[PDB]
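With the hints as extra help, turn the sequences into a complete structure.
Listed here are the chains, written in short residue letters.
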Amino acid sequence: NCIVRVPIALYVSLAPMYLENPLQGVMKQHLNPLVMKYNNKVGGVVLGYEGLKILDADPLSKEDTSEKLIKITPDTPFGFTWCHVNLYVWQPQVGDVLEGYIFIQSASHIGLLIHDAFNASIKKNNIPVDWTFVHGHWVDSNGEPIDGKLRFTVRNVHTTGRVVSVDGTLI
Amino acid sequence: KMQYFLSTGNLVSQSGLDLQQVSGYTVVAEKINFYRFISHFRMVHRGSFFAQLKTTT
Amino acid sequence: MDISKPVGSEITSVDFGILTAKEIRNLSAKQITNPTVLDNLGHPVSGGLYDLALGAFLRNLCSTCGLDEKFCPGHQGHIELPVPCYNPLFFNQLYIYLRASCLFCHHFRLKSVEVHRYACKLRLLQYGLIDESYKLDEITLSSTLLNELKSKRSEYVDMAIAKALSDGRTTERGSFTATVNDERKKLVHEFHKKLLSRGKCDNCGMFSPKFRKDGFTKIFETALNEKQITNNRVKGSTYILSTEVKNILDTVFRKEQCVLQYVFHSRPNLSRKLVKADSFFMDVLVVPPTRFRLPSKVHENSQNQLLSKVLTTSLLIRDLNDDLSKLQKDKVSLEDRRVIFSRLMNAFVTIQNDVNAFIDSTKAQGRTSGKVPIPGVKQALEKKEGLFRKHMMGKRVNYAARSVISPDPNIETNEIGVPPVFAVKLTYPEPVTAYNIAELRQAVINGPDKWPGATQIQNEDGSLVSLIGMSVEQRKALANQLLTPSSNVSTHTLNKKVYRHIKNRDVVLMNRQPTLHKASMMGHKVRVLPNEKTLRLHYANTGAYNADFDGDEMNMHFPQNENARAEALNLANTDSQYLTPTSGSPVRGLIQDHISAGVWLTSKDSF
Amino acid sequence: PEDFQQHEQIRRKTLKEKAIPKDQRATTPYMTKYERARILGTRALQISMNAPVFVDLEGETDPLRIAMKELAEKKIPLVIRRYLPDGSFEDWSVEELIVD
Amino acid sequence: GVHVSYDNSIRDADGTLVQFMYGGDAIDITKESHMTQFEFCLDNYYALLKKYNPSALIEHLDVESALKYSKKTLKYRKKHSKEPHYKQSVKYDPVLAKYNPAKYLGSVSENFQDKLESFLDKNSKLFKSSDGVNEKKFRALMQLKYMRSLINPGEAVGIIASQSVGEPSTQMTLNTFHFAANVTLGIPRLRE
Amino acid sequence: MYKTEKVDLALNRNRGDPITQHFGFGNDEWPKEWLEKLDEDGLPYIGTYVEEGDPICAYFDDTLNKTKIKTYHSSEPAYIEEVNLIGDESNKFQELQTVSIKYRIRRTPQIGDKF
Amino acid sequence: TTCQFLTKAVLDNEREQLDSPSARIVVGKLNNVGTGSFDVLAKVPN
Amino acid sequence: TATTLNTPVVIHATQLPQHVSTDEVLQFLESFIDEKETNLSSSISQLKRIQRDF
Amino acid sequence: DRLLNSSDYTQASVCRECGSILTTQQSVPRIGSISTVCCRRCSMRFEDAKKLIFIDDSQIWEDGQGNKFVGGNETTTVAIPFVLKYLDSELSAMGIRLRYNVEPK
DNA sequence: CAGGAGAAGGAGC
DNA sequence: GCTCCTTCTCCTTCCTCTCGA
RNA sequence: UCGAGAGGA
Ligand SMILES: [Mg+2]
Ligand SMILES: [Zn+2]
Ligand SMILES: [Zn+2]
Ligand SMILES: [Zn+2]
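Residue numbers (the deposited numbering), protein chains in the order written: chain A, 36 to 170, 215 to 250; chain B, 460 to 516; chain C, 1 to 141, 174 to 268, 312 to 372, 377 to 686; chain D, 55 to 154; chain E, 1029 to 1208, 1213 to 1224; chain F, 803 to 917; chain G, 1617 to 1662; chain H, 12 to 48, 80 to 96; chain I, 1090 to 1141, 1151 to 1203.
Some clues are possibly wrong.
[Unchecked claim] Here are the simulated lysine-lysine pairs, DSSO-like style, with alpha carbons at most 27 angstroms apart:
1) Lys67/D with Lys106/A
2) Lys88/A with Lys87/D
3) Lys372/C with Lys834/F
4) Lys87/D with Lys597/C
5) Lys47/H with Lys88/A
[What the hints assert, rightly or not] Computed from the model, here is a short list of chain I residues facing chain H with C-beta under 10 angstroms:
6) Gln1115
7) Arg1119
8) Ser1122
9) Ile1123
10) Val1126
11) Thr1174
12) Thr1175
13) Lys1203
[Stated by the list, open to error] What follows is a set of in silico ranges between Cβ atoms, one per label pair, in the way DEER data are often shown:
14) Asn1165/I with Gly855/F: 35 to 41 angstroms
15) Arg908/F with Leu512/B: 23 to 29 angstroms
16) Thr1617/G with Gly473/C: 17 to 23 angstroms
17) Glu204/C with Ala24/H: 32 to 38 angstroms
18) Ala24/H with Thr1617/G: 44 to 50 angstroms
What the hints contain is simulated information worked out from the structure, not anything from laboratory work. Every residue, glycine too, gets a C-beta built ideally from N, C-alpha and C.
Structure representation (structure tokens):
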């Protein structure tokens, strides 16, 4: 249960090439390049956007007065408007047991792909005493093969690199 | 030291030589034409301190 | 300046806070205690002034941020002072609060009721309430009724300010204008004038001695009167350091949030920070980064010479007052104190005075008169050779041509005559869009020297591809892809900026120095006159500029954006400057030959 | 999210208390020279950056002349926000003004 | 930063108010050249008519509101004139002081209105028998001429007021035609 | 107009320091175009049209295998008037170290000349 | 004189709201008189 | 580094986030693929393996 | 276009949280990462962050010489003359902290 | 070589 | 408690070139 | 980088 919705108040710049369709202008200019990315102010991965309700700099205007006044910079021709929008954020915090995908079981690592989104790489010492690799598949403490899916915990969220690195131990 | 005095003009004294100014004694004899060069040998004036004073008598 | 990248944020207001050493030690990156700036090899020696953690260098890198010198803004260091030193800006205020303090009760010499009413008045002078700042003198009725007086004054001020904030008299963050500031400066001047007179204490009746300074740093403590020492023992000349003064004024300020939250803050103080004596005293000299102290390229920076003198005194005291304390307090007894502690009354002069010369270089120590004494940080700000009147107000700019001026009555009064020197050299950044593709394809094909042409092309990524070394077919190939944009996500909303030449469409500014009035600077449409070097005009302009033609020079400024060329053609063009606002009179008409032409032509004997 | 939404409503209330409706505006409907210059400049920058041109220009490369031609039928979608000294701002569209 | 605001008041940068109207009339010194040249503007009448275009200035301009007030101010003015200014108490406001001169056609300064009415007094023969030019049409033209020639909200008149005093001081030749006592003259006086 | 440029290579030596940089060329490869304005003893020939940046004197360094070259200073295309070669007032323990080139610049009457 | 007025400006903790032209040139935003006495905004369709 | 026209300048939060149910996922996040027929295409190409398993 | 946009137009960056132009350096990432801008006064030590509920690895960043820091994220780009930055570094030697209040908050 | 101006403290009032 | 006769303690057009440290 | 001198307006 990590498909959450959050309302945010961002502040976009609007291009003069879209002073006639600002809805699709901001949907192509700022919202589409935030799909499937970490963000430092929500801490999650965005999956869908809905509810682009651009505010107006006219305080006496309404929802049907669509003369949406957008403020012009003193030098550049770009606009800078406030917007409220709902996002479908996917984020774990500490240890969320969710199913997974595995392409190839390997020897010294395992290499889980988290529902074709990111990686769940497991280090050397995180491999327990009972689990040893055989020459690729695993024979664990059961001794019988399992389904291709796999549930796993969450250790820590590492966002320095190109993608988010999420670790998980299995005890 | 005398070549330094003629090369810069900054008078280095132990008694001031009973003058007022310190710098500006030697001017480069330019030769752009004969008039400018013959001018520098008859160019006398009061001083370089009076050029900053604003009372003009 | 750029147009493809808009400035996102916006600076609104500027506040004047104080760094203290608690902020600076968390702030800075490297302590600087070594005079070994460069070794005999010439390399930067760490711990010294040209350290590699204070920014990059020429062949080096930065140890703090790790980037090249093109991209390294530099980082600032901190010299840990041995002694809390006087900030030489704040000195007379410290002298006032020290000379008007009581050493015993650790409040002021003046009575507490007057201090409380000046606190209430200067609190009323933060919301602008001058309507109530003189009603407070009309509140006057021992030991305990004065407490009721102060409580009633306090709740009176409370109800007045709460009433003014209830309606729309004053907003949340006060109001501060010239009337408010005049009243406040007058009251604070009268307050600090009254504090310098009441020598006898109004809280205990004891006596604190008079101080008198010699120059800047020495504070002779004047000996007391006979009757004052007598009155001291009934109720029951000397140099003085800065740590004693720090302790005295800190003990004063810790008991005195009341009046000094109001003298030192002319606004409603939101965060309610405290008033320490650490604002007056210095503990770390913040050394500037590398790229603001580089040598001339060779003479090194004269700021480093004074920092090396400060660190020479700092290592002398790190020698002495660390290596004397490890010695015994019994063997260092009698004849080891008339010489060694005759040196700490001479090595504190040279840690204070060198920081003074580092900042306030007027207060210094004499010498046999030499060439030039070294300027400080105050000396690099104050005058026409300073910083405000030399690098913020009066700047040297790009895109500004200059030559001699010439007569030309075959071009109109709003027209400028441009020689092809400047028609080749100066450029203008037009974007590329299909209404302007023909002239820009022809301008890139013509190249850097066939006017109309173009010298540079700025990509959507911001790269300045120059056309100088490129051949004929290495310019004719570029105009076949200016039209097609890229598939880039970030720059599908931009276009390449062709830097074309100045041509007959543009408009320049013109400017003859000195400008005594505002008609000495106008805007002129462009004509390129072939095979010349001088700029040249009509004669209508040459009465406004006070321009004869015995060799005058003018600064053609060529503005680079569409905003200024849309303002140079309407608000400051020559056609809107006919009447000067001195008297509403014309200054622009024809001159010498045209007047005697018009006398002969309009005469009756011209058939 | 409580404090930011609170300060958001604070700032929008302090801005709406300054906003003056179209029943009250005590400013003249003459464009000054300054408003004409800035409207021509800003429309020049907008047309220079791929705006839909509302005129059918006949051989023009100067974008400032394109802006001066679009003003002839007042086809300039901009609005001047005139600032009284206390930030109490009025909105005048370009197509509600005496273009002088 | 001392400039002209939208309430037509000479107000500084933050809001400190220096004057209420620019000079007394909120006029521009450049564009006030031929306004008191009434004998000129009687002529070239159709030229100024096609210049000013009053018929496009009908709907966005409340006309007769200041016009009813101004005649009452002028009749109360001529009603009490011989008394000095301390005897001359104030009953109600002048014409510009109540009504906005750039929105109400007819909100006109007092001395210009007095010179207009005195010119239309002493030269009725030129109005009657030269081109049949009506006096009411000429007055309703000059009421528009006073309003088109008004100072703009936004003009830095502080810079201009500085430069129009600093620059003519450069024309002051330092010798002094003084003797006939004496008095300090020129830049030694203007700096003092 | 007659300019003069006194090029010397005695700016990096003191107290009998050996001659680091010699006038002339060396036995490496070098772009071969420099001969059009330079003699093969480093110095330029008399009377040569030199625009901006074209060479005025060439020296072979002994250290870095470099024939580092002197480029023309200003932008007025001048003509080489003289190449004077000054000896040393010591006992000529050093080689040639001082070359005082002159330059000639034409001044036609042009638009702006104050007669 | 700078450091006298700077001494006074620190000892008030003086907020400055960027009102005069000189402070708006030092900081470099826009100047208040003339063109910068107002703003421009853009009507859009929907 | 990125400029002021790719990712927005200032992002804050207005309200604390609230979960959605399983059947309320595909109220728009199914028609988002039914209406849009790497930053947009591989987005839904990886959303085919994320939101389907709920 | 004659005193800012020609001479020393410097599109600098200010910490929104403390308001100072001089401090906010570049971060030093690992290989296969990105280098953002992080503050210095508001960012605090990694050795002092474990004072206390568990801390996510978001505010953690690294400098050049390896001292890992925590925090100081809120920075944004303004456009100033470069002589403003020279003025701030000339005033910091006198002991003055200019604060630049910047909206959008 | 100016050119007076503002602020301050003790010697008389 | 109040005042005057000295101090401190202050501050100010654009451009080009060369010479020398 | 600072002082001295020359010169134009
Ligand atoms: Mg002249
Ligand atoms: Zn660095
Ligand atoms: Zn006491
Ligand atoms: Zn910070």
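Q: Verify the interface restraint on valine 1126/I: the C-beta must sit less than 10 angstroms from at least one C-beta of chain H.
A: holds, 8 angstroms
Q: Grab the minimum C-beta distance from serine 1122/I to chain H and call the hint holds if it beats 10 angstroms, violated otherwise.
A: Violated: closest Cβ of chain H sits about 13 angstroms from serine 1122/I, beyond 10 angstroms.
Q: Starting from the range 23 to 29 angstroms, see whether the pair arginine 908/F and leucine 512/B falls in it by beta-carbon distance.
A: violated, 46 angstroms
Q.
Assuming the hint says 17 to 23 angstroms, is it satisfied by the Cβ distance from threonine 1617/G to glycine 473/C or not?
A. The hinted range 17 to 23 angstroms holds for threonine 1617/G and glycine 473/C, with Cβ atoms some 19 angstroms apart.
Q: For the pair supplied as a hint, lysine 47/H and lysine 88/A, confirm whether the alpha-carbon distance does not exceed 27 angstroms.
A: holds, 21 angstroms
Q | chain H contact restraint for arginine 1119/I - C-beta distance below 10 angstroms | A | violated, 17 angstroms
Q. Regarding the hint that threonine 1174/I lies at the interface with chain H, is the smallest CB-CB distance below 10 angstroms?
A. Holds: closest Cβ of chain H sits about 6 angstroms from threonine 1174/I, inside 10 angstroms.
Q: Could you see if the CB distance from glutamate 204/C to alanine 24/H stays within 32 to 38 angstroms?
A: Cβ of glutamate 204/C to Cβ of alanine 24/H: about 24 angstroms, so the range 32 to 38 angstroms is violated.
Q. Taking the closest Cβ pair, is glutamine 1115/I under 10 angstroms from chain H?
A. Where the cut-off is 10 angstroms and the nearest Cβ of chain H is about 9 angstroms from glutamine 1115/I, the hint holds.
Q.
Let's test the interface hint: is any C-beta of chain H closer than 10 angstroms to that of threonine 1175/I?
A. holds, 7 angstroms
Q) Could one say that the CB atoms of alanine 24/H and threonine 1617/G fall in the range 44 to 50 angstroms? A) Between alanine 24/H and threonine 1617/G, where Cβ atoms are some 49 angstroms apart, the hint holds.
Q.
Check whether the Cα positions of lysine 88/A and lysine 87/D lie no farther apart than 27 angstroms.
A. Roughly 36 angstroms separates the two Cα atoms, so the pair is violated.
In summary, the structure is inconsistent with hints 2, 3, 7, 8, 14, 15 and 17 from the numbered list given earlier, while agreeing with the others.
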